[PDB]
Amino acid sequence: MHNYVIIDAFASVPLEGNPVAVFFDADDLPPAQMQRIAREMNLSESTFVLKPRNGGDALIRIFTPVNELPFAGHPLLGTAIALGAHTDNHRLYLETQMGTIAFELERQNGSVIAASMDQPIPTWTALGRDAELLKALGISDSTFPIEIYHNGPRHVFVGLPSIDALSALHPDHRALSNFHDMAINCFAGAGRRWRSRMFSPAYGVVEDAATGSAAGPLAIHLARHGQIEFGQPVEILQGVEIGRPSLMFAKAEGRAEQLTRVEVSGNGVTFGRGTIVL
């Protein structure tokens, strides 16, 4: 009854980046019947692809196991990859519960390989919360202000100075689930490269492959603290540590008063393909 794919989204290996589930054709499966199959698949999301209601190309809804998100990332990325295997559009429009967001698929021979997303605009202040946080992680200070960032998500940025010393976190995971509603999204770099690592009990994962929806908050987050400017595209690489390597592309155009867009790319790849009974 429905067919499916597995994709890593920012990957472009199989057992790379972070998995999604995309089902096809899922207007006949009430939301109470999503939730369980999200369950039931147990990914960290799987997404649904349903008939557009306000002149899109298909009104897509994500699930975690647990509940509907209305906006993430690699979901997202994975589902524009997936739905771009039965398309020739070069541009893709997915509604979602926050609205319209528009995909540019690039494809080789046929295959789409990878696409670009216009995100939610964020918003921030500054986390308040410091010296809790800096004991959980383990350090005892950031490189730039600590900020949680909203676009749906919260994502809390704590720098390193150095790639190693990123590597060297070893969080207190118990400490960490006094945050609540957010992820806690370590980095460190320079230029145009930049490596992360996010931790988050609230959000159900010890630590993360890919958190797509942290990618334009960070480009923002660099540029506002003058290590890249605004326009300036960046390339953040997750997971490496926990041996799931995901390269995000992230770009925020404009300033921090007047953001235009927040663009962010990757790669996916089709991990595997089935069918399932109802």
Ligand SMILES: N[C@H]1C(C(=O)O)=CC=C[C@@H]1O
Contents of the next structure:
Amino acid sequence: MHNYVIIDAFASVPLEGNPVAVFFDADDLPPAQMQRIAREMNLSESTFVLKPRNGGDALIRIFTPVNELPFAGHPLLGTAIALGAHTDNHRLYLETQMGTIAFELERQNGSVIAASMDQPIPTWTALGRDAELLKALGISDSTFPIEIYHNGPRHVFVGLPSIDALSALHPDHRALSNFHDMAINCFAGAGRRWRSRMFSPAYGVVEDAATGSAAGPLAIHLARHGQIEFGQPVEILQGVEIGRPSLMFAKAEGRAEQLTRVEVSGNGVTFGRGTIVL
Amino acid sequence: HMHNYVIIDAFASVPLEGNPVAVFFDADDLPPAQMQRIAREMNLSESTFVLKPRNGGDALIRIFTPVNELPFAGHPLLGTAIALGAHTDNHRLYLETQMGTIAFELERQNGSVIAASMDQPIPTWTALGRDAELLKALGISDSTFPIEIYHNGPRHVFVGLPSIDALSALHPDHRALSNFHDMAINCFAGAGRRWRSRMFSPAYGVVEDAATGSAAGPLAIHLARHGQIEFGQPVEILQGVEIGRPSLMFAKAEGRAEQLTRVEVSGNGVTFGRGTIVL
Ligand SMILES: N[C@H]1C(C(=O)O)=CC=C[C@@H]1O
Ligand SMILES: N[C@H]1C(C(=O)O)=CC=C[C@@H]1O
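For comparison with the form solved without the ligand, produce the structure of the form solved in complex with the ligand.
Shown next: the complete complex, the earlier chain at its head.
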């Protein structure tokens, strides 16, 4: 029987942010069973904590309702906050299929409030399917070039000219299903403060509340297209329209041709805790 | 303030099959606006909230999808009955809802509730009258029977498919279906005592539901009305296969079209997990 905790990632009060279910002592579970348990929980992702194989503190497998991912931001954030309660450490190294991800935990009197990660440095290229994507989304143009970024999963970015225009999107989900192994991230804002919405049939979600692996790439995207400075911290607020406001903090250091660090951080809180029968 | 919950997989005998529901105990201190938010947090087709009774039943149950409250629903109440069945020795349970009190008969094996049967509200029905629009949204050109909508709290439309292969081949346009408010679209195929279903409902916050217990009773009526079975004949409705959540519902509608005397729906259920929440 496995214990789990529900963490609300990128939130400072339960019922805000993006839930993840974090399953402990999962070494006895076959990957097909992990996928079934993820399907059962029906959250954007469930994670499984396994003994480390390469010098980290643990190995984390990450599942959507429909597939496994090699890296993801919100689920690893919540996993790191949940696992922080197990030890006194303020540095935590979590293994994933993209490599070992370093975390710094914000603790008060030993109690975990928040965490910060160094993400894999993404690569990118032009999407090459603009007219198809924009038709699906129900709009005419992107404010900036439409590019697709890879850090494990893939994330496409489409810019909107106002927050009201972002909120008014009603995408064709069936048409977005033609975009395999990627999530579609639509953004609007100014300066240090940005809003986002994410849609991904490929990753089993109509609309996601907090796409943490997209936050670091967005910071890169905004700097490459001259809207912010490299090294400038940004706030990205996602999930407002669906009633799940989630605050992600991101900073990309270096320059377009040579990035040195892609940091994403947030608060997280425990919503609940329990046990499953298998 | 803290609340205990159980996850019941309804219309299944083993975990990871059927349709999950989260059942929250001693929920009187939660305002409906907070219940709605908890249901979204769980993200299951429904969560239910167990309140003290007001009209001589055992409990009053409020039922929420991820986006709205419903006055009655089958799967969530089956799971609620099985969960509450662990706390009692009684053979029957009476659950108050916005639709009235729903009677359940509990089935035990060893010391343990493994299944239950409910008497549902008797539905009303009519044609939907929007065949062209609905069929377009579904991606097909007609239905094998008249397209009709039944009301037992929620509303359920039925669209018939000529084969199970044709049913599994549906790839509906969720956005176009969102123009159908306050209803679920139930697509069916099969023969005799054996039927397959798929349900789609942007109105009730689900792309595709695994087991729509409030649709099982009405489908039995619809099949009888349209001469595919006899009134009083029990049927087996298998839902959720294409999404990896196979769920078996048993239904019987007794009487005649002009006067239904009982609409019974039953099924197995099993506990998948339990826990506590911080509000
Ligand atoms: N939570 C999202 C995610 C993330 O990085 O948080 C990656 C891919 C899809 C999930 O819905
Ligand atoms: N499980 C379904 C339900 C039911 O009766 O089980 C009614 C309406 C929509 C839900 O997804």
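Positions refer to the first chain, counted from 1.
- Candidate list 39, 118, 230, 207; rigid-part hinge between the two forms assigned to 118.
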